[PDB]
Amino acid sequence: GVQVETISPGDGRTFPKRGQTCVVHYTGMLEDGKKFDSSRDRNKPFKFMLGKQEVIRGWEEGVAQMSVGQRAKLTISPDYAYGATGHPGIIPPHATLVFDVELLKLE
């Protein structure tokens, strides 16, 4: 459902726990490489609470595998993203997504 590939290693020791706030920089892309969303374009980190299910399933399972300071590519199946319906206009039906995520800190 999510496959993690490291771009830059983190500390290899500090991984998120349920209920912590993950502070990330990210870029999300369709399978064709076209970015649809990026905190890097806004120039402001994005925050989510791990376990709240306020981000897609491939984020909570993928970021949970990351340590502080790690940058990684998360390849997310539609099953772990927006499924059969997608988000029409932005995310097509049955879309595989790629996110470039850096885990900045935990709060």
The other form holds:
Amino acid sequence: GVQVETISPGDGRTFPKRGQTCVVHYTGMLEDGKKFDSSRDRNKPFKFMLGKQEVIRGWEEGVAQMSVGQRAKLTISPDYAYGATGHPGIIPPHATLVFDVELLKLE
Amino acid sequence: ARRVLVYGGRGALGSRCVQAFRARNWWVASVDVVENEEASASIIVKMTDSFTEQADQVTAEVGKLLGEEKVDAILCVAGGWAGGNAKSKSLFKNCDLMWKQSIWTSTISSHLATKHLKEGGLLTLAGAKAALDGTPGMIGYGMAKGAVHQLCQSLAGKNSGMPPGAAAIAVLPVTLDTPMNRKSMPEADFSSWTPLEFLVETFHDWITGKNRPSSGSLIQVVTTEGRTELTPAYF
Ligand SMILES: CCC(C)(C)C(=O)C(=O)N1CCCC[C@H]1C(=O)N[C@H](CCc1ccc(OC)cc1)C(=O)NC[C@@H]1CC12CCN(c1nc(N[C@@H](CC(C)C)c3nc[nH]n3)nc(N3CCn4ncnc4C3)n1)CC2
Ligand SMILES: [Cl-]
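Given the form solved without its partner chain, corresponding form solved in complex with its partner chain:
Below: every chain and molecule of the assembly, starting with the one above.
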């Protein structure tokens, strides 16, 4: 489903709750490392609320495991991402995705 | 029926429509933010602030999927919910969400209906009974759903672009019985929530020509002690 690997540890005590808004910077890549998007290129973090079906399942399960300040690599199988169809023009069919995610704060 | 496009095909109601219609061996396309693996075909909408970008992209993709084939129905079941009064610090973000999930989706679906609905086919739009009145604690939601109700009226008018004999009907529920609602409101009276299968079977009747309301109807869907009744409202 989603594998979570620590790039640098968070505070180890502030984990997201349903209803809280996660503030993150990310870079998303295909399995070969080809970048398809980064919030850092916009100098603006991505925000989403867990428990509201706002994101692909790998992020819903992956980010919930992170603590504030953590930088993590999420490796997400297609069934936890865009599946068989993909997202034509950006995400190929049956793509495993890799996201570098930094959990900046909770709002 | 035989071909249906479910706009919002991965949502709670739209997923049930895909399942039920595939069980009848209909061809079913899903349009949503991610595929529906149960659908015959899936179209994935672009996340963007540009309405024209998203609408042009979906329109092109649906046109390529269908070619010259026409569909019996477009069921626009997308919509979410986000609350807050006009003073809320979350007002602008929640309004943007509501307009994207209800106004944008309904508009694109309506355009697709002019281009792809068979003569005598059906477009459904997702309204809300609450937006028949003021919604002081859910400003964006009420504005978005009120716009959809008005759009339904437009589509029934002369030279709206709807094909001959086709109907646009808005569905105006209160609360649907969904797993996310049961865990979000675990103390509510579920017997005042509308079962998804009630709406799926209503849509099947309407698409097939059984007890189909007139175009431009606003059909209130109200469940009381597990029994659902359909009542027209007049704009
Ligand atoms: C920028 C993206 C790129 C590729 C560059 C990227 O890098 C990338 O991958 N990501 C970016 C970084 C994070 C990882 C990943 C990601 O997760 N990105 C999401 C993509 C959206 C998504 C995907 C799978 C999901 O699984 C639960 C959930 C969401 C994003 O940007 N989310 C935030 C943006 C603000 C929203 C859009 C509005 N809003 C919402 N929610 C639902 N729920 C649905 C049902 C639900 C169970 C599917 C519904 N309910 C009624 N019917 N269907 N539907 C709709 N629709 C409106 C349009 N529309 N047209 C037809 N039908 C519809 C229904 N809009 C909440 C989220
Ligand atoms: Cl209200």
